[PDB]
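Keeping the supplied structure of chain S fixed, place chains V, B, Z, F, D and E upon it in accordance with the hints.
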Amino acid sequence: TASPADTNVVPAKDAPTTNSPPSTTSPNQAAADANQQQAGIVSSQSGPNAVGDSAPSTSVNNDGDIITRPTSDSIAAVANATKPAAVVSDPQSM
Amino acid sequence: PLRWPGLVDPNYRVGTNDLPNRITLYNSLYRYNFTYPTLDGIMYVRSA
Amino acid sequence: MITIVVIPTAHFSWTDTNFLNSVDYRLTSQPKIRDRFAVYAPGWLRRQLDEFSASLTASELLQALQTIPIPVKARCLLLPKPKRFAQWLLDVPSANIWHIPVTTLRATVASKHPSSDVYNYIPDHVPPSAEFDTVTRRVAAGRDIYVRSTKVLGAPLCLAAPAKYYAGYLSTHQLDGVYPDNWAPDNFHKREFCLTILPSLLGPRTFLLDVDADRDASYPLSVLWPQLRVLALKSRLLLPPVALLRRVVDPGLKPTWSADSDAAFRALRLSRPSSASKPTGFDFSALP
Amino acid sequence: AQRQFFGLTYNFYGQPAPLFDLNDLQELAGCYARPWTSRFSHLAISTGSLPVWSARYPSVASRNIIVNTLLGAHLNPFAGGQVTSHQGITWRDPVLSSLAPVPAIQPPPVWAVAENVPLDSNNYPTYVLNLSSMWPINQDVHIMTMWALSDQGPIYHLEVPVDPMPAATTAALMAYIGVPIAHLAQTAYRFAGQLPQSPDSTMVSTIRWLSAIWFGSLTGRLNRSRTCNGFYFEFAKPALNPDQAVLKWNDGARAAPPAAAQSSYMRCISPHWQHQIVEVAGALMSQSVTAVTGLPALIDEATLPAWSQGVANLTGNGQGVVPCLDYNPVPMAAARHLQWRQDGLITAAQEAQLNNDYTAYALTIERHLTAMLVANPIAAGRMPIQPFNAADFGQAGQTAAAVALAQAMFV
Amino acid sequence: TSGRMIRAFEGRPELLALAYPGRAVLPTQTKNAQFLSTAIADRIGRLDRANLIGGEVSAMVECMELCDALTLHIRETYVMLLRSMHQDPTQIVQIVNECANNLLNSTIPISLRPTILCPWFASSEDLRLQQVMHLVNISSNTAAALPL
Amino acid sequence: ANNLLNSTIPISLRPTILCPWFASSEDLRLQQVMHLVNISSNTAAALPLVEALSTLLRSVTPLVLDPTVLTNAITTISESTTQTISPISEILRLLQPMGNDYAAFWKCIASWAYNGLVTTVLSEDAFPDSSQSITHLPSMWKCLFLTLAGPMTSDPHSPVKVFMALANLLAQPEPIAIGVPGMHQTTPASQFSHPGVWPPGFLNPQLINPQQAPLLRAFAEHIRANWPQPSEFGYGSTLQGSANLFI
Amino acid sequence: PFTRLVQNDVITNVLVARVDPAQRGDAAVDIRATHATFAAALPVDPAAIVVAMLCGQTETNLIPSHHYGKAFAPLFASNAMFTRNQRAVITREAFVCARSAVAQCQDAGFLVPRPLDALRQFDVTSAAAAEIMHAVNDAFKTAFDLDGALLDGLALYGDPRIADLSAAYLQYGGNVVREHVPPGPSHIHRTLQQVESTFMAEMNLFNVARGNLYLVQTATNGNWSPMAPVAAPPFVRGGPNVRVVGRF
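Protein chains in written order, with the UniProt record's numbering: chain S, 13 to 106; chain V, 1166 to 1213; chain B, 1 to 288; chain Z, 2 to 412; chain F, 325 to 472; chain D, 424 to 670; chain E, 770 to 1017.
Worth flagging that the hints you see were computed from the coordinates, not collected in a lab.
All clues given are correct.
Within a straight-line C-alpha distance of at most 35 Å, the following computed DSBU-like cross-link-like pairs (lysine-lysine) qualify:
hint	chain 1	residue 1	chain 2	residue 2
1	B	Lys73	B	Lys83
2	B	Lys278	B	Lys32
3	S	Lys25	B	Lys32
4	E	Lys910	S	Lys25
5	S	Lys95	B	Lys32
6	B	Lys254	S	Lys95
7	B	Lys32	E	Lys910
Here chain S stands alone, though its shape is the one from the complex:
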């Protein structure tokens, strides 16, 4: 009778962007389409509402850039690109 599943419905974790497919071309439109198809709506019934919409995607950075890996790794990548040797061997060292 008093089914909790019908009373305690709340958005799941990572809800706003979970369905976003991994792509770089048009992530927001692609994510929007994925949400629409995931929700069970078919394009033939949504009509004109499906053409211009866009939704948040994981491929888009908070700054508004196309990202292909977690931002920490991007930070790690640039950091690792610059690591001069701590101790070097040269004849004139005192």
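Relative to the frame of chain S, chains V, B, Z, F, D and E by itself:
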């Protein structure tokens, strides 16, 4: 330095060059993020 | 589930164990890679295309096919001739789901010229005086369709009734051809990517695979290649095959975020560790 | 469409002949090509990408100025009804498709030189009879006239109706959100240029609104805080390069429509415009509207150079006369910054900083131009930059009135 | 440097070394060092970004890096050309409707479309020129007309 | 319970007692907005709320849906012959039983309680082809259904869309002028949406000449006169936070 | 509010503002604005609706009191009514703390006390802020053993450098109605401020030291208390004959 006023000139103003007479190597520029939608992406076509 | 529409190249291997291999065998090198793809491309559809190829222009064929959803849930249900078909609704009375009158049924049994009345007013009945697109439009609805001819396109075609009515009305090889469709369905799965020979509306989640080689001249849909290619070209939707190996898809070579330096990319490392004791200890007709 | 136009050729600054070089013609209008839509072919998003800093054409406006001077030597049919030749060059055909050297067998009459020549379409009947193909001339002649009428900055027109924007414009603008002003100006020029259009067309209203919004944001009345139907322009930092602006759409409170329809003519009163892309783009964009719809009313003669006094069909001093305002960018910038502080977008400390930066930026422009003029004295026979005096950079003009208009324009 | 944000080429580290000379390390006073040591601190990385919608790509971004002027002038011109043949949806949908003699009337939604680009158009002169060119590349006998 | 129930709950009152079950209105309002952040524009994660509420409604309501009487009324007036391919075919196609438990009906009611987060709209396929004529009987019956079902949807543009559907079928016999640039009487009805494109004649029916377009004028006046008036009512308990944002 | 036929009162958009637009660094408007309708669209078939309208019946002995009383009782056996309150309270505390943390990291922003401002920290861009918020959001979820979203959306998209949430809807008449939701009296944040304040005085207890570092070569033979020298420092930055190394 004349090849690199944007990199070393204190007086360098953004948006300047000396193109017809000399080529600089380090400058400022814009970059774009266009998208190329299909026709149906632009407008609701009359399906079927 | 991003979809990639595929048009086979000049000598595309078809009898291969997996259609996937003929696309690019590097995709089979890693388990971590091959698990990301579905294929679809069923045989029944292949046979239908083989037949209709001689009867539709490229534009018509593309226009007809482009709307079909990925897993075809519908079926074409062939009806037997009225004299034969009418007996079915009395052999099992509950099978008269349209509840055609018993009097009309046995009037048909009595008549020298059994009319189309038994077909008449049956919802979604497709008479021989119909066209290809009529079927395809109903295919988008997913429900099964009742037809009066074998030459149909878009959905697996199976008998509506037991074979006894169609026997005599049809011949052995004809009666044979529908057997896989009589128990057609198989499931389709939600992986990252799904290849398909079925065309579709090119868009943000659908891509055209570019292999840079001439099409299979014998393959019936090769005529669609120019129109598809130009539409993809004008919207930057082509995918070089190497792009498939990356973790995330992008049309391009030498991307910034990836050095593309991995054993998966190196096609020279052809390896065959697995086995299945299959008769093809080797298939010396398939050449990488 | 619009079957008639009026025009006025340039003025010679005491020089005896039109100020352009044969090379300029061969460069800017040669190749036997059609010259009638080339005004944007040599413009780009910003000065950083353009060869405006040295040699010939060493200014943003230089090329268009030379174009206007060039046309002044060949628009005789709209003044005397006949095609003529000047320095051995003339039109190839009565349609004025392109220029070429004169034939050797039957040369046309040689043009007698003059300046500030009034122009009527009716003087050349073949134009109307071939309106469908000769349409582009209408735009360019109008543009040339709008520049010739004024020293310093060119003149353009503004207006705002009492009604809200139609949906069509709303949809159109929602597609041009992230576009810089320069690209927008090209489309407006491209639109009205290539084929006749009626004034009751969606694009015409669209561009009309753009000019209004641009000015409103330029005065700083339209901001992130206060917008026209959600739209407003954003200007780049003066600390790097303020000569850039893009469109934006926002949640901000929408400004109310004016109590009555507002309109006026505008121009920049200071020489800075010659090397400032936002001014050039804004003027060309606005002038495009008047090109397709014609002049709504005669321009007030009260604050114009001597040759502009009482030009037929263009200037007047009677009752049916629209005033023309003018401004200097530096005081305008100060006003814009002040409005931002009052709207609360910035602090007083920042406002002082912004004024210092913009003034420093403008100083370079003045310094560059003034050095460029002595490098190209007008006595040399060609005018790459319009002449001026040092004091011209200090004029405040009617700037106070200008911001007052925006005050009344976006209530 | 902490004070700037730069492009992480992220897979071409050798390329990154070339892109931003200002980020060098200078142990000894060599001729290269004598020059690089004069570099201004902040003339590097992203200068300004046009950010329109949260959780959405920035339409365009301005930065400074290793880039010659001449190539810059070319590519900026090329983009300018592309813009010259782009039009907004309202024009596009109207064109289609008129092409069909106002049959098949259709319209567009009303919402933000940030970064679209549809270089699909040209002037009549272009069309006139192409038509003439097309007429030049045929045998003027019946062979030309029949397919049409 | 709106005093449909009366209850008693005894409890002992010890000095040291804790029942952490209270929250202020500000907390609820803040929580509600946070949901909007988490949902973003993802329609998929918004649907379940309407689904759950509709499920509860069905489990609770005393109303019973049964088309048997309607069937009998139809079948006797119709000839019910497996003939009359005229819309007797059509309406029968919609009359025949559905195993969906009329979920669409309940979804509309549920969506009312969550409008502004999700809106029910008439399905695109339900409209007739805007190029079709009024004489095509199945199209006429479609417009009848749309007009009947209009007020049930939460879409604010349903009135206009309903009106335009009939206007489309009457394009030829009733050529009215639509004072919206970029639109035409033949434009698909489902496309209108945004308020800026509401036809002025729909805004003011007096712009339609009765002798020239009688049916359209009557239809507009009928809509403007009979479309229901919204109302409001209280809920909850004053002893708790409200969680309402706008209302 | 439903609007019926009043055109000037029709709603065009419903948007969530992380920062009041006058204070926003850039437009960064809600993604929802890209959609044709102000809310998610759910297509429905009119025919099914019509059928339900036309055939509605009741049982033969429907006593409204008996039916409703029997129907409503099971619902009140739930505890959702209270979990709603509890989750809301936790959400407030997490929100206030998370906002405070990000504000303290960026060089300027939402007005919060800054006891740790003396510590070195590069100014955080939006991407970095997402990392910080993710850490805070995960910490709370682990601490209170919750499941669901909590603050997920703030970090996953948009600018995490939020100031004060508010919602608004826009009418076709140009009027906009905005509702702010400033958090009520928080508790955890108050004591956290105390923790930071006292840390700035007791950092030594956390194996962290303040001040500079000398490197004089001392070859003594007696006592040595480097963590608290008693002798005068050898020199300082402004001292005579003291050179400062160049940038490289």
